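There are 2 protein chains.
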Amino acid sequence: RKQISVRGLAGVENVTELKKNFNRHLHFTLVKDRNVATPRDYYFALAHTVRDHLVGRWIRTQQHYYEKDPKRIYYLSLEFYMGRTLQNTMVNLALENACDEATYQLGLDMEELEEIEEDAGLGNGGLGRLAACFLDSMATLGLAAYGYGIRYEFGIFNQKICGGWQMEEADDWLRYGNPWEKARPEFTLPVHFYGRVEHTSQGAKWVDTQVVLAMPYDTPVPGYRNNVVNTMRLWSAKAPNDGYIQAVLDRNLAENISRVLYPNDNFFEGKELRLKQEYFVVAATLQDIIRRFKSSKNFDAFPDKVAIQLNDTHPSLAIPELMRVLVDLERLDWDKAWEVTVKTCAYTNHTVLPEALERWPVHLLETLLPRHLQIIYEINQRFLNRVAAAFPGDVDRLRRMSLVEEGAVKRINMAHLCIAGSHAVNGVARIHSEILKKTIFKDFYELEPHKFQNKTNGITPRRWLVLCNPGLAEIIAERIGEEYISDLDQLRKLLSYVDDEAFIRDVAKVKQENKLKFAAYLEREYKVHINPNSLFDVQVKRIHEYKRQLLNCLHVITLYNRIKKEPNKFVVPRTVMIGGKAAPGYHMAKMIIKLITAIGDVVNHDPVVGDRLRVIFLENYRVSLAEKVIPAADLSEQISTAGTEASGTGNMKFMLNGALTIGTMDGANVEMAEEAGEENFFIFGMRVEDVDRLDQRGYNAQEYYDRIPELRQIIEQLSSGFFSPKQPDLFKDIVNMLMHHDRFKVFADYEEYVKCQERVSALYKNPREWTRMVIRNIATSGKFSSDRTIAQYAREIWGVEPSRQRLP
Amino acid sequence: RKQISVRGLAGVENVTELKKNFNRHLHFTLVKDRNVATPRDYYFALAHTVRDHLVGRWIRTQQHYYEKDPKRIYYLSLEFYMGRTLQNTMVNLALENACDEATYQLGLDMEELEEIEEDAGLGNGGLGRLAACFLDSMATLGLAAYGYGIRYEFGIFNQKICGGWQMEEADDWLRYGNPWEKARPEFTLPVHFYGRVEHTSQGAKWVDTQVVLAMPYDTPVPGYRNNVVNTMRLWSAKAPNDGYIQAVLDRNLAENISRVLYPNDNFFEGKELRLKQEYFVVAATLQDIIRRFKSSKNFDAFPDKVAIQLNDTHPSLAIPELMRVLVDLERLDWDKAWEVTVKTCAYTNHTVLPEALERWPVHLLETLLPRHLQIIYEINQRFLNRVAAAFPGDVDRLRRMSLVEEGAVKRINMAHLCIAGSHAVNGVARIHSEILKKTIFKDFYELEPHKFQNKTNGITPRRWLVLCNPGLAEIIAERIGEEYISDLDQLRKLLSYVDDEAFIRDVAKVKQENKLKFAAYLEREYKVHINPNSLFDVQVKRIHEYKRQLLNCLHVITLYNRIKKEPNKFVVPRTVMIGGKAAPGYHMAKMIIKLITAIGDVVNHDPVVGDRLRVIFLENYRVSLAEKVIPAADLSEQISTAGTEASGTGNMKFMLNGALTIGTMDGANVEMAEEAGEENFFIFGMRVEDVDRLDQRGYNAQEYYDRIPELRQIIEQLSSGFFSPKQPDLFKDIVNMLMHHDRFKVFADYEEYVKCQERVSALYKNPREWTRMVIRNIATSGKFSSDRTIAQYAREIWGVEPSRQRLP
Ligand SMILES: Cc1ccc(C2C[C@]3(ON2)O[C@H](CO)[C@@H](O)[C@H](O)[C@H]3O)cc1
Ligand SMILES: Cc1ccc(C2C[C@]3(ON2)O[C@H](CO)[C@@H](O)[C@H](O)[C@H]3O)cc1
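Chains as they are written, first to last, in the authors' numbering: chain A, 10 to 251, 261 to 315, 325 to 835; chain A', 10 to 251, 261 to 315, 325 to 835. A prime marks a further copy of an entry chain.
You may find that some hints are simply not true.
Identical chains share a label here; the pair holds if one copy fits it or two copies do between them.
[Unchecked claim] Below are the SDA-like pairs computed for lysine to any residue, each with C-alpha atoms no more than 25 angstroms apart in a straight line:
1) 41 x 75
2) 29 x 64
3) 29 x 188
4) 169 x 217
5) 464 x 717
6) 464 x 422
7) 520 x 532
8) 753 x 173
9) 80 x 477
To be clear, the hints were calculated from the coordinates, so they are not data collected in a lab.
Just chain A, with the same shape it has in the complex:
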């Protein structure tokens, strides 16, 4: 517990001070005594005590940026999936052992206190979590970086499983308050909606608007032991200052802008409220940017002092908004303003799936943001003039590249707007960034090849190793010291220990400890028992057809059927865990969750199977749960159809935490296998080239059904009601999709998947060799530190040099 050296020192005066301040907060802040005080009160007492340690560095860091005047990095995102903050703050400030000792002396278990904290679940999954890892890495790399987003009152819904179905409940994360944020009502700014354009004497003027106020809440973002504390600023919607009762109640309408995170992360829903959220962040943020620029030492120097990073197209309105401010308010000529805008803005693309692309109807933009639509049209005209000059007579190219899409509903393609208005465009993994240049944005790449870049995603080894897996962090540090924590490529040193008996022992010991603890978690919180002597086979990620939880389902049923066919034949015991939230309006994803639980209903109660195979659906998968289950995982399921997962980041988390990966050559899986050597990955299935070949001739699921007896059995089980005896036709939609409308070719990878899984089991039967392959994975996970990713953004896009230098 305290023996772990990576968790810092418990200095005698530090422990004494922490105890004093803990008690001070319990009294003055919480207004409690030890008589009535609950564990929650004790959590808050510790939270306030720890938060106090950020203040000096937070003030000094921001003062330092004012004095040193570096280029400022503005990271705009509609999602920040931050998780809990208590442990992270302690780790980054080297206070973990000290607080652990302080709380122990007060008769309290700090780990019990940590479990009281709610996730800041202000994101859906990978994209939101990437933003969070990026904030962490930017602070650790000493960048003058500012995360900007919306302070949703309700984050991603809490998932309940009831009767085997997902139920959504409001994530009331602010119920007991947020001790980490600092409300800044004094820095509230006006955001304008609707209205009309007057073109007059000085030029265009946006008038008759409805105002929604944006109140900032600032949250400290500590770097790893470098005394740097950056800021995440999240905007909250407030009704403007100036019958009666109804008028006061109607203030809720404006304030609804920041009420709730949209949970659909796979399908573009052209909801006006989402458009308002996006403009809300953009308008308020850019006001801050402009104000700060003016208070630093004429807009020629703007791109030298400002970088705006667009996390997907969600904040794409930053482009016309910056143009609007520069042209209409600052009175710059269009050409100069555009030069400035392009040099300021860069765009990160996160998916190739067409249904996810933001394409706003022009009528909606005209009504809500009339001036922005005007500006977008002018941008388009000038951009297409450039295309026409570069490719004279290529009319189809003009049509393909246009920001305006011409159908029954005329729309603005926000990706096209982003490319046009950005000096850099990046994908999030090598395979993804390459397909961007090759197909998706081929025309844009040909126009401006220098624009297109790759920035392979990463994860922070603070949250995703030191916090969640201190036991693994410790055994690593015992061999190679602590430098790896902010220099993850040093993990390659561990390759020298592939034959080290002590290290093999310790890697395996740590995994088993994590497995026991997670088993203890499921027993404590859900009264669910799992076999500790089973392979922990884990697929955790949002529920999507492309991620192919359905393929996992087919395999699980295969394992079940094989046991039933040959009950005497030994098989490696497995606990198959699948978790993740479905978008509320995504019927198939909700059916998939029900299928997982239904498979469990049969498998988990078959006396012939017993503890040889168990299938569990992990309820309410979220950042805090990922921190628990990933360190306990033996097998990481990364089984998206080749070409569909832009990068993935869960994959990296598993690799860092001592799990072996079964996966397709998709997203960052490709680079993970390259880093480790393919011999150390369970790679299976179609490559992108194979998927394309199938698309060329037409995907016929019937062929696979007709040729694979074991698949046929499963589909007939699903259709006949074997997994839903009380409602035989329950899974008809799943069967129909698989047989006739499967965009993701589940059947096409079935045989290779099952055979690959056989090899997983074969290796697990050899504990020594399993662990040696694990060492080969952990040792080569260094590339997937978000420090590496951010250093690349800094040097290749932002034009700033990262620094691990400690502030005084």
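Given the coordinates of chain A, assemble chain A' with the ligands onto it according to the supplied hints.
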């Protein structure tokens, strides 16, 4: 400034500690430095520093009540008009001089900082402010007392005057946070709405309800230098824990219950939302009461340990709610439960005006609170059985006394419910309590004479003398010491100084200082100039026909016309100030405000008048403004039609602060004149007997018009458009009401009022004799301390003995 002894000591270590903690809060709490810190930041730094001094006493006081186990007093009100808290806290903790010195040493003006604080304007006027004074007095008298109400997100609207008209804006009092309250989300309770009654095995059961959560916020209530800190608990509406987006947005509906204070304090608006607010407070509060009772040592002892005071009929649902809990949940027999309920509950009545009485349609109660309606009917049946037994054959009495009113819309008379369910019923001034027994509740008085009491209202001499008028507080203390501050009857000692040259000098000096300061306030905040050498003639109170701002208007115009008729004739210069908010839906009150400003538009710009007469409308009259204008007042206008103002409390504030009173024999005016001697009051107009005689024969305004040339002139000025030349018919509604539909007989008191005002001017011409009469008023204001009022409630209704004893 600091020289004022009543403001305490500036101890060297105390000043040092305050400065240290001020700086500590600026750093750790506000996350600011002296470079970016605003006056608002400095206010908050001081607020947190001062608030820290309450914590120990707050915890110890509540612990003391647990140990000593006294009878608990629960004061239920839909209104708490608290005002600002910073100065009050400092005064009650003897920290004012210390903080003044501390802030001075830091280079800050504490008075400038105090002006930053928003009023907690969670009330309309007198009733809400009475609750606030009561909380203060109960703490000062060492009572285990608990104020319970609703934490409105928006209090009484901020009043803007635009084009001479009232405009309403949301009172966003929580914009920058409330440093005084402590959120207690852990003690959140469920409140139930709608649903239906099941009568089953154990009995009745309220089922299928919609739940709204009640989250308590606790605010410290410091007693005057007795180390007692009581609690005001205000409930905030929260949506219960368990398409999707719309469902999250719809949480606003439940949360609207605590959104805004209903601003109509003169007309019963049977709004369902108001009914929900009333039940919301009642249900949550009574849950607290029951829980606390059970955690103290079977319901026979309930009335020995619990008193519930109903501030008017607004929390009247406490009666059927307590019955519901006792019968349905605690399983007591009806008779015993009723015995307990009556002994627990007492009712304070605040008006005789019929349109203000709460009479809820039975259909509305059946839908929202079906079980309560059932209980009300049973209460009524049993109560009327008692009436029938006491007055056999008196069928009309039964009809008159029934809780059920039988018209086209069947209604429950909430006053009748209160009388039936309470062991004590009190009016708020001797005249008012007497009319209750004589007419309004005559039948109830005859049934149970012992039930009916008087508790003449009062005001706290902390807020209303020591805080708002330290200069007057000081000159008093110089002669008689500081005991009077919590023993106001000691002011009678000042009668010994009616011929004391030094005291006459000082009383007059203090008044002039206050007048200069208020003149400075109007110049600073509104660029409005007032004549400092003029009589400050002030009518501040909510705008109602019964309060007769219109009568004041007639007098002002009379003064103007008299000047114009005889420009060479000296008149005592006057600044006539009228301020107060009109209920948004009260057309006549809004017209009256416009008339006041319109009169000013003419008078204030007539070169013949100049500074001899000025009429100003004081914008946004509220507690903080009352604290400024009342100490500056020379003449207090208390001119309600006899029988219409139940008590008044503004009257008392003026008397305490060195103003002479012009008023009718109405409400507490009668007792104020009795205390001081009528020779020291400007009493005029019809008594209640005269109003009744007019009602008997019929009020004909035409007679007064026909007989009074000067009145005729004014009405013709109003009708012809003299005060609205651009819209001649603007005031037609006012004229029509005065001439034909005046319930309050403005014309009937016109002649006596004008003649009484002549005598006011005559005395003001004699500064010595004015000041001597002032001394006679201040010296006899002691009865009107809310300490006296609360001591009476304690001894005569609650059965507890007050104590000025200091806690350790
Ligand atoms: C509205 C929305 C929300 C989330 C997402 C994504 C895209 C994605 O995960 N969530 O971004 C991650 C970070 O770059 C990638 O690792 C995932 O492959 C990608 O699907 C897209 C669109
Ligand atoms: C809904 C409502 C609100 C306020 C009031 C009152 C009644 C009143 O002022 N406001 O109570 C004061 C305190 O007892 C009295 O001094 C006033 O005379 C009375 O009008 C009645 C009803």
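Broken hints, by number: The structure conflicts with no hint, since it agrees with every one listed earlier.
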